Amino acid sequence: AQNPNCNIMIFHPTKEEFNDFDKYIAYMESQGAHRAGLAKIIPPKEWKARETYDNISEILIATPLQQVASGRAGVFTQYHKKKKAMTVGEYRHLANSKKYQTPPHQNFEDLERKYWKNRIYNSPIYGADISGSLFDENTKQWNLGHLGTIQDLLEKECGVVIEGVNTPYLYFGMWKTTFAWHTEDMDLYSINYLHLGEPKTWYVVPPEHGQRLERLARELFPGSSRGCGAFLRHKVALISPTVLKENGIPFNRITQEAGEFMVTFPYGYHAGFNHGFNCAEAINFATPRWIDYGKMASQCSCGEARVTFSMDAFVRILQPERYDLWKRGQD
C-alpha cells in the first residue's frame, strides 16, 4: 500500500504531465496521495494562471463576512456576520490596515503559534465564496474554470443525465481569516489555487480516520451534536493542532504559497487560516473513485448547511433514501 503513514505529498509535474488533469490526479493516487486527504501540486515553471494581477481591484465582494469566534483558543466556533459590500481594492486596504494586518513574526511556525494563541480575540473579514475565475481563458492547463464537470462525471460513470452546473469560487482573505473543519459537499474533491498574496496554512485528517475527528467533534461541541447528526457540514467548528494531538487524532499540516495548487480528496477533513491578504480560487470536482464516497456522504438535514442547486441531483441520484429528509432541510 502506497503512503501508509498518510503523509501529505508534494508533486512537481513537468509541462508535459500538466496537460491531462484527470490522468495526473489518477497518477497521484497511484502513489498514495489521497491517503493524506490533501496534496500540494507545484506547477511547471513555464506555466502561469494569467499574465498579471494588476487589474483585479474592481472585483466586488458583495457580502464580506466578519468571522466572530466563541469558545476557547483551541476549541471554538465562528459565526459569519454580513458586512457592507466592498471592492477588492477596498478589502486589500482594509487587510493591510493596522487593525487587521499580519503581525511581525519570525517564520511560519511562529505565525501559526500566534494564530492559535490569539485568533479568538479578533474578528477578521473574509471575502468568500464569490462566483468567478481569475484564470486567463488562454490558460489551457489546470484552468479551474475549464475542468470537466461533476455532472458529466456522474453521467459518464452511472449513465444518468442530471441538471446542474459546476463553477469556481474566489476567496479574498486576510490575516486570521479561517476555514472551519469540513469535508466537501457530497465528499467531493476540491482543488484550490492560491493566485496571489500571503500563504494559507492547512490542516487535514486522513480519510480513513475521519470518523475519529467526528467523534472528537461531538465531544467538544455537544449541543451542536445534539442539534444535527452532521454538524460539521455547518462549517463553523475549529479545533487546534494542540487539541487534536491531546486527543490522539491523526492529522497533518502544510503551508500553501502563492502559485501553488492544493487538492483535497474525498472525505478528507480540512481546516486552515490565511497569513495575510491573499486571493484563492477553488472548485469541486469528481473522479470515478469519488462515486462510492458520494453515496456514503453524511448529510445535514437540520437546515443549517443550506447549499447549491446542483447538490440536489447528487442527493437524489446517489442517496434516494435520504432525499426526502435532506430536501426538507433545504426548504
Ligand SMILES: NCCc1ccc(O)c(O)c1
The other form holds:
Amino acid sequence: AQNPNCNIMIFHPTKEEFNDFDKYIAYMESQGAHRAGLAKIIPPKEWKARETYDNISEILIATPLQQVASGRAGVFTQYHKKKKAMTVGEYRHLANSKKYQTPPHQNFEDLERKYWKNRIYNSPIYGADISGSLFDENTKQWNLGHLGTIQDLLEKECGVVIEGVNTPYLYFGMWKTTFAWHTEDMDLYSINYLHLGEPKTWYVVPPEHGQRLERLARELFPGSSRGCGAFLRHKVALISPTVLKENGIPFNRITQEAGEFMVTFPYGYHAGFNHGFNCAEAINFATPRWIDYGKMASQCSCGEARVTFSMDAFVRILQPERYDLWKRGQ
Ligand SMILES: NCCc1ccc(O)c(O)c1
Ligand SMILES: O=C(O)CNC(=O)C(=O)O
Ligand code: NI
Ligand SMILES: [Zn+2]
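Can you swap the form deposited without the ligand for the form deposited with the ligand bound?
Below is the whole assembly, all chains and molecules, this chain first.
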C-alpha cells in the first residue's frame, strides 16, 4: 500500500503532465497522495495563472468577516461578524496597517508559534467566499474556472442528470485569518491556488482517521456536539497542533506559498491560517472515487451550516433517506 504513514506529498508535474487534470489527480492517488488528506502541486516553470495582478484593487469584498474568538489558546471557536463593504485595495491597506500586520518573526516556525499563542487576542478580517476567478481565460492548464463540473461527474458515473452549477471562490486574507476544522461539502475534493501574497499554513488529518478528530471535537466542544450531530459542518472550531498531539490525533502540517496548488481529498479534515495579506482561489470537484464518500457524508440538520443551491441535488440523489430531514434545516 502506497504512503502508509499518510504523509503530505509534494508533486512537480512536467508541462506535459499538467495538461490532463483528471489524469494527474489519478496519478497522485496511485502514489498514495490521498491518504494524507492533502497534497501540494508545484506548477511547471513554464506555467502562469495570469500575466499580472496589477489591477485587482477594484474587486469588491461585499461582506468582510471579522473573526472573533472565544475559548483558550489551543481550543477555541470563532464567529464571523459582518463588516461594511470594502475594495481589495482598501482591504490590503488595512491588512498592512499597524493593528493588523504580520509581526516581526524569524521564520515560518516562529510565526506558527506566535499564531497559536496569540490568535485568540485579536480579531482579523477575512474576505471569504467571493464568487469569481483570477485565472486568465487563456490559461488552459489547471484553470479552476474551467474544470469539469461535479454535476457532470455524477451524470457520467451514475447516469443521473441534475440541476446546479459550481464556480470558484476568491479568498482575501490577512495575518491570523483562520479556517476552522472541516471537510468539504459532501466530503468533496477541493483545489486551492494561492495567487498572490503571503503564505497559508495548513493542518490536515488523514481521511482514514477523521473519526478520531470528530471524537475529540465532541469532547472539547460538548455543548456544540449536543446541539448537532455534525457540528464540524458549522466550520467554527479550532484545535491546536499541541492539543492534537496531547490527544494522539494523527495529523500533518505544510505551508503553501504563492504560485502553488493544494488539493484536499474526500473526508480530509483541514484547518489553517494566513501569514499576511494574500489572495487564494478555490473550488470543489469530484472524481469517480468521491462517489462513495458523498454517499456516506455526515450532514448538519440543526440548520446552522450553510448550503449552496447545488448541494440539494447531491443529498437528494446520493442520500435520499436523509434528504427530508436535511432539507428541513436549510
Ligand atoms: N455524527 C456524524 C459524524 C460526525 C461526528 C462529529 C462531528 O463533529 C461531525 O461533524 C460529524
Ligand atoms: O483558504 C481558505 O481560507 C480555506 N480553503 C479551504 O478550506 C479549501 O480550499 O478547501
Ligand atoms: Ni476546505
Ligand atoms: Zn448543525
